[PDB]
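Here is the structure we will look at, set down as structure tokens.
All protein chains but one are shown at their positions in the complex.
Lettered A, B, C, D, E, F, G, H, I, J and K in written order, each chain numbered from 1.
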Amino acid sequence: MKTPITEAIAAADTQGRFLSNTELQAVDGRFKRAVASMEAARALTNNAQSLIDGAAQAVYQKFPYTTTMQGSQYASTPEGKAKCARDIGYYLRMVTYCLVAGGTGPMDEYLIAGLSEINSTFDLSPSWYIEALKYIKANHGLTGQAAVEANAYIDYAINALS
Amino acid sequence: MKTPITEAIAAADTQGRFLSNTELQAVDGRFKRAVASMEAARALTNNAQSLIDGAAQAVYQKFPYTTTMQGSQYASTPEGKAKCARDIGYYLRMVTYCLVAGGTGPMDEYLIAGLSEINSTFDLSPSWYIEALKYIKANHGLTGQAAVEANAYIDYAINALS
Amino acid sequence: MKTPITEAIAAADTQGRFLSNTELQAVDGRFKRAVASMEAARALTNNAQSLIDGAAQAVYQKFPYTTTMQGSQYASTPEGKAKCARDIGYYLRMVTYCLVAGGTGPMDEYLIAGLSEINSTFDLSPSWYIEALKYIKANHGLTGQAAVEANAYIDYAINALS
Amino acid sequence: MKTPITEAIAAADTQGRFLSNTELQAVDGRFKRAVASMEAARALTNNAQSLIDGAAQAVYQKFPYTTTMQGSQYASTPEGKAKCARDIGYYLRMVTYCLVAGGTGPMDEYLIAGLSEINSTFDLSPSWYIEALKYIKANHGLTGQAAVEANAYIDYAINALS
Amino acid sequence: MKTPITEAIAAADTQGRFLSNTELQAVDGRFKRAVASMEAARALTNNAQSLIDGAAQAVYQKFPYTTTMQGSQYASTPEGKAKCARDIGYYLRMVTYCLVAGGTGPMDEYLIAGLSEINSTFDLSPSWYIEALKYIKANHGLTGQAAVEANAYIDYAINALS
Amino acid sequence: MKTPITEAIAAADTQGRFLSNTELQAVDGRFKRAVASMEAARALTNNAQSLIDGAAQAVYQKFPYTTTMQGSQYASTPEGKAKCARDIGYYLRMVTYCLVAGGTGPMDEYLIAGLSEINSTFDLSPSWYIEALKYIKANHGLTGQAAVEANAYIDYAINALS
Amino acid sequence: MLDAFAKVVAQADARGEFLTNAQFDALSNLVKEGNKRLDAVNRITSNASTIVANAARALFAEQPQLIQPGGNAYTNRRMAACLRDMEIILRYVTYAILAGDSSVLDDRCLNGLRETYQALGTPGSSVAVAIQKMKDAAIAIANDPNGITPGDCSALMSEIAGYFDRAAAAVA
Amino acid sequence: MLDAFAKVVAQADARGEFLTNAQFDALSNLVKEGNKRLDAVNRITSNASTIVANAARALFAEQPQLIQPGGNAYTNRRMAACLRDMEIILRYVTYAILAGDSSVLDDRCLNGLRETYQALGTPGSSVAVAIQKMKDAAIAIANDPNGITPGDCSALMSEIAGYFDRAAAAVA
Amino acid sequence: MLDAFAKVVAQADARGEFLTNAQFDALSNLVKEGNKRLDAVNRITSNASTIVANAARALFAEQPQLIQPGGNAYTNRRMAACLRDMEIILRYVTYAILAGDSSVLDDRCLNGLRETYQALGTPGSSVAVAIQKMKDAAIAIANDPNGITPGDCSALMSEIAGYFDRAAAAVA
Amino acid sequence: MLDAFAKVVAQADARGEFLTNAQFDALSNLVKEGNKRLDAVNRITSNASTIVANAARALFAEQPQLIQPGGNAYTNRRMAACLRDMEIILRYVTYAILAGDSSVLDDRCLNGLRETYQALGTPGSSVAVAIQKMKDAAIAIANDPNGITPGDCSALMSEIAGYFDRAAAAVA
Amino acid sequence: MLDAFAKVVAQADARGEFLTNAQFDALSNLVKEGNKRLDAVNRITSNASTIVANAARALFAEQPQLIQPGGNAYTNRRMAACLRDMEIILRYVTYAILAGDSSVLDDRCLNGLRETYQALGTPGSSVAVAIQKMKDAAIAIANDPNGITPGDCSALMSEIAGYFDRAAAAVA
Partner (left out) sequence: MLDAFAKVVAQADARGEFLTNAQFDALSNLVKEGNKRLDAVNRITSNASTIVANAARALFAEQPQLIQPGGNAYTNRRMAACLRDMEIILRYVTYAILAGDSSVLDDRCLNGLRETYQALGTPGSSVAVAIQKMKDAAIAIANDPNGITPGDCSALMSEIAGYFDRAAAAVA
């Protein structure tokens, strides 16, 4: 799984070298950044439920047809709305995972791999999840480098959906 | 040439990705460490001549036969002693290069590549250059993380000679 | 470009053989089927405009939000509705191309290659084009093996969109 | 084993596709041609013994030395003449096999593979078997596309011997 | 072209080595054997015409049909008999070439490469040329290691024809 | 293991051929040279101890520091001097091995492979072993082609050390 | 690989016999039913995306544990692999139908599949159920009486059902 | 590669138009003559070995210098390569006939052949003559009136003759 | 490849000199501005999809001929390749920024690009215009004053603008 | 591969839960001790050549049979392979330290090592002893109190000692 | 691989000894008989085609079932493979003779041959009989007294017979 520490180890191992000062600098920057990453992660985790309920509605606001139109892929049933909130919950949970592990590795492995294969098969519009992640970005209520951290991984998801 | 910034770029480019927050953390740690690296580099550069004259003698002390024995590979002539000091000067100059560029890249490219090929052909004992680099390590007169930096690249040379 | 005649030639050429009776049978079946393929192709070409206007509306019926919602990817402007009809026209034109050339080659080369790359970038829902192609399937007004032909290539498009 | 149905399946499978209308046309041409292929196959099978006795003599006529010259590779003994008729019988049996399976696959697998290796080792002149297959071609007594079928696979053998 | 000297050079060059005493021994054995090889070569060259006329007849004796049967591949015309003697002359000329160059290289390059491709196309029986080379073997009139040399390359041809 | 007989076999086997007269010449040169190789081998084996004691001293003469300087890599202890004589004994033993097997194979496999890896790790100067092998070369007391043989493999070692 | 016509040739060759009249007449009936075979392949292949998707929906609707965190179609990488497997299993069932022989299904798809799922930790019971659901979907579409020249195709459906069962059995 | 049907589609697409009635009626005539096309391919392919051999015999009979010591089909390695070239040139002419378009002959065979022979030192004039002899042999066999339903095939032979000329021109 | 720090080392080595005080003080200013450099890379990379898409929309809106039948982003295969090129060109501009040197942009991306488009038949003028539109989009986002510690970043934007111009010039 | 931070994420995901306060506070202590971790990696790596050489000297000094003619570091090819193995074993122990997890040591180095030595005929008992000697050398150098900001690092040394024991056990 | 001279060196090295006088005198006798060894290799190799063919004729003449339809040298593909196997087995027997050691026969040819034939379904009993027939043919030709300097070669024939038996035993 992709992290600065695993990259540093992968970088050296590919070339059959012990680690050098080159790699050690990288991991320091990782430990140095953890401060702001741990802050963003714990803050989103605490206000997780409110963000998921907020984001889910922002989707239904922007795309009202998702609550009216008949079909399993839509949020026009108690099942659909349960599936929607679950999926939104997954995205947010992956964003905290990346902050804790200080890299894109978690979201890459558990979410992005085969993402376009699922959305295509199950008729899930990418833009629904952009609008979800857009709400989280604007309303997570973070400041300083904690906000820089959170948004970096949020936009990385958005880019994967576009 | 190997640096944290070139590794970060190489890491992303190999996998056809834009840079992520994973790579950006690494470069921050590099810029954060530069403070101590620039200090060690400028300090050795200023006291360069004294270190080269000091190290060269430490070699002739430990291995007195290098100044007596006849042969072009030995420091038993004005030519030999000029070649010796030059070579020692090269090692020190490469150590400063690694501190400025924050990685082993310079010493790897300009010195280590084909090192065992030269020493074997021209009958230069590796231990002569260890003893040279050992003197620099003990007598550079640095403190704190500046000393940690300098010695990291000095020992990287010693390991390449052993 | 993929056709029974190009496949037959590709099959032999890969193995460095002259064509055998194996390959000659295939091309006969192609010429034998052309009768129904040429009929379906000319029939859709004649009633092309009515089918494009009909299909375009079936989309706007099923997905009314595409004519209301603001944004370049939607048919809520004279530009958008022009782009929509054009795209639908392209799909139908490719279906006739496959009937004339007796294979999927045309639609594969001019349409399917990089299809998911476009829809993802320009925010075009696959289901819009399914509904378009669904209308053509039901209302082309063909019978016998002519209908079997037309629908075979129509469903091949639908499968590529799902 | 090479047939239009196996080629059609091999064509699709190599490219990881389901079968398209391209491949389905090929197999229809195969089933359409079977009519004449089954006729040629059953006709040769019925008049098999007369053709083998006829062909064997045509060889001994054209090459009289094969019945006089001493040596195991020649038909100058009861063993040799038994081996000759057997071999001729094999060729004819393979020709019917290709008509039933609608392709060269049988003759390719059971006869042609390693053909030049046998004839070289056991000192069997290719021209003997051409003259055998030439008699079958002229005297099978078939008409229309049944004759077109039979001869196609007969000449495919002759080409393999030349 | 394959010789002991070229093999010795090829052996070393493949492994990026200078030549060792291993390779030097091989070439000595080559120069040591040249004595008998040069003797066999010059002896066959001197009695070349008599051997070609003798061998050609031994073929026509054993296979009388080659002088009677109509067809370009047979020696039943002044053209055919000219082509026959020419071909026999080629074989003998290649045998001397191998003795001079102390290896199979000449016969491999100028004769054996594509041999089975020619005989198959032009309907030339391998056994004709065996019988030719069999006569040369029995009637070259050499003794000692000169005969051992000549026959070694003659049988190498025979093996290539079988 | 590299010998003329193994090379001759390797040469043929790589190209899927039976052995030709090309390869047989090589092995004759090997058996022809064995006479002088067996003489050099048995002569060095008989006078082995005197040569090892003689060579060991020639090292200590030329490099007196090896008997004075403190450290495990030097011959300044009873252990060191035992290790020295042992190593010299190994070199001589490998030289006889090459003469018996008529090639570099033994010295290549048992000595040269990973030679620079050992000398680098254990701080053993190559020139020490050159001077050892130089004494053996001058004082083995052989004449004619026996001396040519011995020295060929001695210089092959020297070249591997330079 | 073989087909209905290449297998009979292979078995005839092993005995070294010409084909009998009861073998030509049997293979001639094969050709006459060829039209029905091509429609069944065409119809099933024309609804590939739906048969896979609908079967997957029902599967995960019956066994929610499969898509729960930890369990074997959680995450999109495993879900996609599952959708791919189902799609591949279907692809080789359609190959078998056109040929009238399971050799290509056996050699390329089935053989060494059970042992794969065991090493991965994938419920083979769940895979077979997904196959069975595709069977019912595939059969109903293939034998759908609307918009085709009426005629009996009962024998052909058992053959199609044979290949689907065969895959279920191979991983059950 | 393309065929008669894929080229018209490509040229129509570049303009972005549906096919006209004068393009369907033209392609429909292509299909009706399809039987004549298959016989010509079948007949020529059925005598491949002979057309190559007989053309080679005549070539070397007219230009003995080619097979003289030094000259470009002396030795069996060069003679075989020559027989192979002739066989390959023929193989791709038959490919072109079945498709009704020279794209496969151009792309795979012809393009970069003249430049090959120049580097090797092979007379391109001699190659073209070998092609021309195969042409006459191929045409006579293809349009041989014995044992086939009588009918005009004059147009088809010019097309066949076009591909043979085209190869001769490409290396002449 | 090199960066701002590896280039100065390379040029110093070629003369065989230690670094001067005017070279350490210059490189020390490089490190102090490092924070501004990382934000610019982060901001541009965080809006990669949009900068490419919006630039493409405007490009084809200004040059409709590009997406007309025949012309060089008609069909999804060519359109995708175009979107890919734009995405790749952007990817290597961001690489250059972080390093503070165009060596990676030159060696990997630019060199041998003009010659590619000429062989393909792709308007290099149209490519450069697409690059220029990405430049304006990238700069505005990077130097957007909302939600960051205020400070001058004028020098850094010229450097960023340098790499974008450089790519336009390379294919113009 | 994983690290201390990626393992906790993986185990949390399998349950499908957000991280608790007792998991953030645990990982935050990991970061605070990060300085001590980097020194230990730096110190051990800075004396790689010596730790391998000195351990080898003692090993062969205790087991002379290993370097006797016939026995498993006689000849320079086997001696070099041995020195390489020791160097490789050390290389992956240092990888594990920096990450705070043995997954890379397990996956890449250890797993399938015992079975290798058995096929080769290499005493696994002798290998483990060479590992143990490198352990004592590595620990003493890492926890050497001269020339570093004083502070307790007892926990970290047990972890380092854990990886060294783990490798010894894996081949013992 | 090894030969007569390389094996004695290997066994001497494992003990770490110089060669004794009883080892030099033994190897010197090896060289003196070298002429007889080269003739035997030359003679057998000079009749390779015949020894293989004649042995095959007799084999199939004794076991007709092998070439009957179904049975393991029916069809030219299996017959050719059989003729190839026999030719290969012979090729490596001649390699062994020249070297005076079976290491190359063992390592390259024999080891993993029995297990091959079992998987294929090839009678190993029939293979060994084909080897035995080549033995008698090879020996008679090698020790044929006409046209060579007279002398005893009894020992050498047992050695040759040893390698042939060895191959028969390996697949029997």
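We adopt the following convention: a residue touches a chain if its C-beta (ideal position, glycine included) is under 8 Å from a C-beta of that chain, and two chains touch if they have at least 3 such contacts.
Colleague: Just name the one of E:41, E:56 or E:115 that touches the chain not displayed here.
Modeller: In the complete complex, the chain left out is touched by residue E:41.
Colleague: Of E:63, E:74, E:91 or E:97, which one is in contact with the hidden chain?
Modeller: Of all options in E:63, E:74, E:91 or E:97, contact with the hidden chain holds for E:97.
Colleague: Need a quick check: the contact residues on chain H for the chain that isn't drawn.
Modeller: 68-70
Colleague: Please give every residue of chain I in contact with the chain that is not shown.
Modeller: Chain I touches the missing chain through residues 13-17.
Colleague: Which positions on chain B touch the chain that was left off?
Modeller: Per the touch rule, chain B residues meeting the hidden chain are 72, 109-115, 117-118, 121-122.
We adopt the following convention: only the chains that are shown with their structure count from here on.
Colleague: Between B-I and D-H, which chain pair is linked by the larger number of C-beta contacts?
Modeller: Of B-I and D-H, more C-beta pairs in contact link B-I.
Colleague: Which one of B-I, D-H or E-H makes the same contacts as D-G, at least in over half of the residue pairs?
Modeller: Equivalent chain pair to D-G in B-I, D-H or E-H: B-I.
Colleague: Taking each chain's centre as its mean C-alpha position, how far apart are chain A and chain B in Å?
Modeller: About 43 Å separates the centre of chain A from that of chain B.
Colleague: For chain D, write out the residues touching at least two other chains, lowest number first.
Modeller: If we look for residues of chain D contacting two or more partner chains, we find 3, 8, 18, 20-21, 27-28, 102, 105, 110, 121, 152, 156, 159, 162.
Colleague: Using the touch rule from the top of the page, what residues of chain G touch 2 or more other chains?
Modeller: As it turns out, chain G has residues touching two or more other chains at 13, 16, 42, 48-49, 53.
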